[PDB]
Amino acid sequence: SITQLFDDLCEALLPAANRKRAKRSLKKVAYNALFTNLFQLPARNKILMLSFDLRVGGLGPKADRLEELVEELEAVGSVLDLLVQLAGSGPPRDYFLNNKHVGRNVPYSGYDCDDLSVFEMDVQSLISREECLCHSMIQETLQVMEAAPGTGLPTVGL
Amino acid sequence: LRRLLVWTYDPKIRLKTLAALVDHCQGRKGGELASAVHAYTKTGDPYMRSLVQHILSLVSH
Amino acid sequence: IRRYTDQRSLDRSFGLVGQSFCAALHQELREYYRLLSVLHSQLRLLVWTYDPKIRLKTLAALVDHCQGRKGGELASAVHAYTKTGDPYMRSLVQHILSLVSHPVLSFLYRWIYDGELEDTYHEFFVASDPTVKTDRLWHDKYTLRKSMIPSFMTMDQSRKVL
Amino acid sequence: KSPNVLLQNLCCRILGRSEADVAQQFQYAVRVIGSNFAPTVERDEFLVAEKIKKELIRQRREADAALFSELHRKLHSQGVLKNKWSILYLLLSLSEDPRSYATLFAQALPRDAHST
Amino acid sequence: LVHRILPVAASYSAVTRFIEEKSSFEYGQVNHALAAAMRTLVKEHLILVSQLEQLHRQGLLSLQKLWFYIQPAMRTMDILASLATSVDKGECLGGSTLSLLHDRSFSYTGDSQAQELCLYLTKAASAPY
Amino acid sequence: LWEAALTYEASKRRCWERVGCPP
Amino acid sequence: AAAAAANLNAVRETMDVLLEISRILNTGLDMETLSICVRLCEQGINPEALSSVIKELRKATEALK
Amino acid sequence: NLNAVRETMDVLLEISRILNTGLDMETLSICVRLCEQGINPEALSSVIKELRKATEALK
Amino acid sequence: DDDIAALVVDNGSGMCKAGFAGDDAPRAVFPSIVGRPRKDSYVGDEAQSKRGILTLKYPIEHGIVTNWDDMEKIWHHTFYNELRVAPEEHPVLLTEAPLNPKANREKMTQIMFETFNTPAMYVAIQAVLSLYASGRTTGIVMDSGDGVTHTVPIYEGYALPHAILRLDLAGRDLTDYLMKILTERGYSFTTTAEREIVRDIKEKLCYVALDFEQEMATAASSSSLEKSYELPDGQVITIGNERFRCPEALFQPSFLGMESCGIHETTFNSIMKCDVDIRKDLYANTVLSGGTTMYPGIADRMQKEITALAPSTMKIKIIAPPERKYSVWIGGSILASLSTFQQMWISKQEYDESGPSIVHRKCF
Numbered sequence: 003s004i005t006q007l008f009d010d011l012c013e014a015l016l017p018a019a029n030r031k032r033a034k035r036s037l038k039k040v041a042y043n044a045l046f047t048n049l050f051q064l065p066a067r068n069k070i071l072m073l074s075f076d077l078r079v080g081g082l083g084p085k086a087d088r089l090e091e092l093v094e095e096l097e098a107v108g109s110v111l112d113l114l115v116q117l118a119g120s121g122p123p130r131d132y133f134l135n136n137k138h139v140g141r142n143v144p145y146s147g148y149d150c151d152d153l154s155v156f157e158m159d160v161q162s163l164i165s166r167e168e169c170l171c172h173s174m175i176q177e178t179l180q181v182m183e184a185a186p187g188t189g190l191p192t193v194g195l
Numbered sequence: 364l365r366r367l368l369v370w371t372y373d374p375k376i377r378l379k380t381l382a383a384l385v386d387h388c389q390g391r392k393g394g395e396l397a398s399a400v401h402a403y404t405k406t407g408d409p410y411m412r413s414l415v416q417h418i419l420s421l422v423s424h
Numbered sequence: 304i305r306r307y308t309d310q311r312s313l314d315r316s317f318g319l320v321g322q323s324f325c326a327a328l329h330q331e332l333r334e335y336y337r338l339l340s341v342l343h344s345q346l366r367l368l369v370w371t372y373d374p375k376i377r378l379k380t381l382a383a384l385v386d387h388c389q390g391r392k393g394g395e396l397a398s399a400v401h402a403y404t405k406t407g408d409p410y411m412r413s414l415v416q417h418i419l420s421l422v423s424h425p426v427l428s429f430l431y432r433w434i435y436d437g438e439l440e441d442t443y444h445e446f447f448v449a450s451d452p453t454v455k456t457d458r459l460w461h462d463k464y465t466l467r468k469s470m471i472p473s474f475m476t477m478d479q480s481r482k483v484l
Numbered sequence: 007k008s009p010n011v012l013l014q015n016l017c018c019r020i021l022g023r024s025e026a027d028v029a030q031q032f033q034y035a036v037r038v039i040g041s042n043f044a045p046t047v048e049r050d051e052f053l054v055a056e057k058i059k060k061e062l063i064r065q066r067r068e069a070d071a072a073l074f075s076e077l078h079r080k081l082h083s084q085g086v087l088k089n090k091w092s093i094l095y096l097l098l099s100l101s102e103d104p105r113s114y115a116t117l118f119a120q121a122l123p124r125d126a127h128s129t
Numbered sequence: 259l260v261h262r263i264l265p266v267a268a269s270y271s272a273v274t275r276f277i278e279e280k281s282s283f284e285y286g287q288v289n290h291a292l293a294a295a296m297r298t299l300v301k302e303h304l305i306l307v308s309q310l311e312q313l314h315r316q317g318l319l320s321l322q323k324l325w326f327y328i329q330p331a332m333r334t335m336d337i338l339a340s341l342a343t344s345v346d347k348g349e350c351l352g353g354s355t356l357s358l359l360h361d362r363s364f365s366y367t368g369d370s371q372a373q374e375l376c377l378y379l380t381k382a383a384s385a386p387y
Numbered sequence: 282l283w284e285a286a287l288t289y290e291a292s293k294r295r296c297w298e299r300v301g302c303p304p
Numbered sequence: 011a012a013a014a015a016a017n018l019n020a021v022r023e024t025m026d027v028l029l030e031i032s033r034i035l036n037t038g039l040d041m042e043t044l045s046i047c048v049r050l051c052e053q054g055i056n057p058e059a060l061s062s063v064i065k066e067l068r069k070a071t072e073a074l075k
Numbered sequence: 017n018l019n020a021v022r023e024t025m026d027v028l029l030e031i032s033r034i035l036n037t038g039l040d041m042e043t044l045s046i047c048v049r050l051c052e053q054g055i056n057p058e059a060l061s062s063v064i065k066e067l068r069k070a071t072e073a074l075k
Numbered sequence: 002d003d004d005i006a007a008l009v010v011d012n013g014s015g016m017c018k019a020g021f022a023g024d025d026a027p028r029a030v031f032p033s034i035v036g037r038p039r050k051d052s053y054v055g056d057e058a059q060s061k062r063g064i065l066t067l068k069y070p071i072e073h074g075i076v077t078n079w080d081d082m083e084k085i086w087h088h089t090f091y092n093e094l095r096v097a098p099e100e101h102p103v104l105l106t107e108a109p110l111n112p113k114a115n116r117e118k119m120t121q122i123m124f125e126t127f128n129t130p131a132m133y134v135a136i137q138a139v140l141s142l143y144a145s146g147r148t149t150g151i152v153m154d155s156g157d158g159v160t161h162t163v164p165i166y167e168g169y170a171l172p173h174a175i176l177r178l179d180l181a182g183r184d185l186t187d188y189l190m191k192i193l194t195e196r197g198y199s200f201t202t203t204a205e206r207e208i209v210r211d212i213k214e215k216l217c218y219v220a221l222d223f224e225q226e227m228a229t230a231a232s233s234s235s236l237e238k239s240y241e242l243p244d245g246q247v248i249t250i251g252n253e254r255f256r257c258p259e260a261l262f263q264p265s266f267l268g269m270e271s272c273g274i275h276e277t278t279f280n281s282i283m284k285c286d287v288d289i290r291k292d293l294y295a296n297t298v299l300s301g302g303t304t305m306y307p308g309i310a311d312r313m314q315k316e317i318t319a320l321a322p323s324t325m326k327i328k329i330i331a332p333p334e335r336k337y338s339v340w341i342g343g344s345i346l347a348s349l350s351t352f353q354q355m356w357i358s359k360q361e362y363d364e365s366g367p368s369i370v371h372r373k374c375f
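The listed protein sequences derive, respectively, from chains c, F, D, a, E, L, b, d and e. Residues 3 to 19, 29 to 51, 64 to 98, 107 to 123, 130 to 195 in the entry's author numbering are what the first sequence lists, from first letter to last. Each number in the entry's author numbering comes from the position in the second sequence (counting from 1) with 363 added on. Residues 304 to 346, 366 to 484 in the entry's author numbering are what the third sequence lists, from first letter to last. Residues 7 to 105, 113 to 129 in the entry's author numbering are what the fourth sequence lists, from first letter to last. Each number in the entry's author numbering comes from the position in the fifth sequence (counting from 1) with 258 added on. Each number in the entry's author numbering comes from the position in the sixth sequence (counting from 1) with 281 added on. Each number in the entry's author numbering comes from the position in the seventh sequence (counting from 1) with 10 added on. Each number in the entry's author numbering comes from the position in the eighth sequence (counting from 1) with 16 added on. Residues 2 to 39, 50 to 375 in the entry's author numbering are what the ninth sequence lists, from first letter to last.
Since the hints were derived computationally from the structure, they do not count as laboratory data. Wrong hints could be hidden among the right ones.
Cut-off 16 angstroms, straight-line C-alpha distance, at most; resulting in silico cross-link-like pairs (EDC-like, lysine to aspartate or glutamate) [claimed, not checked]:
#, chain 1, residue 1, chain 2, residue 2
1, a, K57, a, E102
2, a, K90, b, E58
3, E, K301, c, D131
4, c, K34, d, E72
5, a, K59, a, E102
6, E, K301, c, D152
7, e, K373, e, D179
8, e, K291, d, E52
My request is simple: use the sequences and hints to build the entire structure.
Structure representation (structure tokens):
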């Protein structure tokens, strides 16, 4: 069962990309940390409570996608309650936004200043990254190549 | 912003179609007008198809 | 490399493998344009430029060696730099090799299944044969042209899909 | 605290069902309240004052409409409310008469003639 | 340096003439919507050009930076320029221009930059037929 | 929370020195 | 404190003014619902958005009755 | 049953990719079997965050 | 690091396991034998080879120390010959069977402090330390060893003796029942080495039965349950009807005539005498045990009756470790390495300062 699958988990967190006695030490720290918390519909609602915070924080189609998937997840129950409590632990375009050139019936309306004003900003975050990239690759190498004499790689420490 | 030509890009297509009905229809009333607004919906260019299908809801009232 | 990637961008009779190889070269050259962007605003420093001088030697090497090669002999001219074991040239040849393999690997799911096979330009080992439409085309109507067998393929790979 | 579970507190008060007993309604609540949170129309406490007066005329009362002005005075004298426009617009929208065309009668502006 | 950049200029300025001329009644019915879906694709290049003007006021835009930016655009807008010149030069209308798109959808199947744009445009364009 | 704390025992005396908050 | 119980008096004052306005219009809300609606309206919310909900939840307790 | 659990393992990847977990497919497979045991998932989300901290303390 | 070291020694019922703390396998395993001419004091291969003219003496055989001198003798000879290290320079963590009297534990901490002379020590219950390596600290332990069994509920961090259940159903009764079933067959068991080999065969090759009904039905139709055995010594013991019903006697205790509880009965009798607010928490750490770890089959019957025990709104969680024979060993191996364990780990200074009885309180 699960405590044998836990051994495969202890092999994953150890670098595979030796490795037999470091596993016995990592297994000790794994078991020593595991039992501290364990010693001491209202379920889809927890996903809805974060979809609200999605909709307030911009990004409309992501929350509209999330509420489209929580209907099919109800058409194993302890797994999504783990996912909702691991939702912010994750790793840190589109041609259309304002084209009425397609369709057969589109409603007549004016400007709003929250659609096309924030469609040049969707690209402005891209152009303001692709130059901040240029400052995060020439700095990270000039920090290696110039500090002071006697600084470099630890092969001189051999 | 290049003088905001992105904002005036869907205009002059909006403006272009509404200056065609205001050129093509001049001195009209009756069913000859509902056969003259109803020739800007047979276009296979979907902007005009999506504009005059709301205009034609009003004029055929 | 600037000349090579600009001239074959007005050639469309250079095939789809040459037109993928030069596009990957283009993507590799964009970071060397980024260097020339930032250094301009800061305006001898040889030791800064010794290490880009190693990258550009390999890129000009792939340009000069693969001169005018298209199809499966250009997949036998970048699949000669997959035999290396010094990982700098491995990384430089990666993000070129993938795009080069993509046009060949597109036809190999419509010639093991059904689906359109474009061989109006011979870049694929199939050299199809006209006017055998009777019933004798379960014998050879798709000749195995050896020059457009690539190096990632073998004989069992180039003819069992056939 | 967060606004979304506060919506479920409202859902416990109005329904006989608890918040844990229903999730189809809370789905619709997350649909409506999100992306229409934080005012997007022009505020005016004055129009709300004159429309609560206009509603008390519809109940055939003129005495309680001028007592409402003293409660409107007291509302400002305490001054602990953030949007005095919003809660009174909200109570006026949920008003029920004890016992036509009104879109050509004065309303708040959409702020689509103004950058937001 | 400006000679390096001029092909993307030619492959914007040869597209808008097809969109303008073939947006009238008589010019086909698939041929209408091909140009009508090319306005969503003029939009991208236009948004790039628009944002760079406000960036240039700070001083954080130069000729080299623009040439460094437009590396994907130089190919993607050129495929659209070839389509535009091919329709305008010898007139293809309706099903004739849909045979033109049907050959272009096979003449690239391995490029994977010059395929995806056309693979979008075909499904956008053939709503009237 | 505010209406929960709000039910506190309040003196029925009102000040003659203060009309501004006479608890 | 003492001045912290005067503010707890000044909020009951407001809540009584709002409780008066809630009854002279004869709304559907009771005092307990109203205490959630004051918390919502303090944050800054469309009152056009909440009223549509309240119009559905009161007919969703006729889907309970 | 063995055909079912492969399809369930494929669909349970999707709902954990949209919610932006830190879980990869392997640790997803272990944690999907562990949550199905009955041990409260609200605590399992915390023991994983402590395990991944104590392994990084050694590196 | 350079914190002061720790070692663990578990003098088991059939072999002696010795080692250093934090070693996944036992560092040395000798058989539990202390000779006498029947060398004169030797543990290891030479004593096992001389067993025709050397007595085989296990000091712990019923979960209570029966000979005290041979226990401390095999303990000292294990530390001096089995590991080949010096007693004055190493603290040792020892384990004992559950339900050891307070006077017996007092006797052991006395003998370990004086005759062996340890720097620091630990004497405690077996099933709880085995649980701490087997998964969660809280739960229920179904421990079946080789001379004792206990259903141990634990919600303190340590056992609750108000609800501990002594059960005579161990490997002792299994090999006794094997001798009985073979003497009913009319087969000569012969000697002690064939006793150990046939007990090994019951653990390894023998069918460990899945239900009483199905294998009985196939054997009553016609047997095809037997599986051929070719030993290099040349023994052929194979019979199909007999081999599923020999370990089946735990599933129906009246199949032998055992009046004591079965497996489902002892764990159910345990959980109902335990508090109900921790009930699902204790029901989701039930453990597996027994010599049957070389071919399972007990686990399905056990998990099926545990599904049937409590209602269907709680799912089963049976923790099935990859070790169920050296589980006791890996327990001490993990616990002795910890620096937080020093609070539960007594030194020599306090044993003189606060008397001998504090080993019951601080070691727990």
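Status of each hint after checking the structure:
A C-alpha spacing of about 14 angstroms is found between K57/a and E102/a, which places the hinted pair at or below 16 angstroms, so the restraint holds. Our distance criterion of 16 angstroms between C-alpha atoms is met by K90/a and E58/b, whose separation comes to about 15 angstroms. A threshold of 16 angstroms between alpha carbons decides the hint, and for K301/E with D131/c the separation of about 11 angstroms falls inside it, so the pair holds. Restraint check: the Cα-Cα separation between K34/c and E72/d comes to about 14 angstroms, which is no more than 16 angstroms; the hinted pair holds.
At most 16 angstroms may separate the alpha-carbon atoms for a hinted pair to count; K59/a and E102/a meet this at roughly 15 angstroms. Under the criterion of a C-alpha separation no larger than 16 angstroms, the hint pairing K301/E with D152/c is consistent with the structure, at around 14 angstroms. This hinted pair does not check out: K373/e and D179/e have alpha carbons roughly 30 angstroms apart, beyond 16 angstroms. Of the pairs offered as hints, the one joining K291/e and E52/d holds, with about 14 angstroms between alpha carbons and a cut-off of 16 angstroms not exceeded.
In terms of the numbered hints stated before, the structure departs from hint 7 and from no other.
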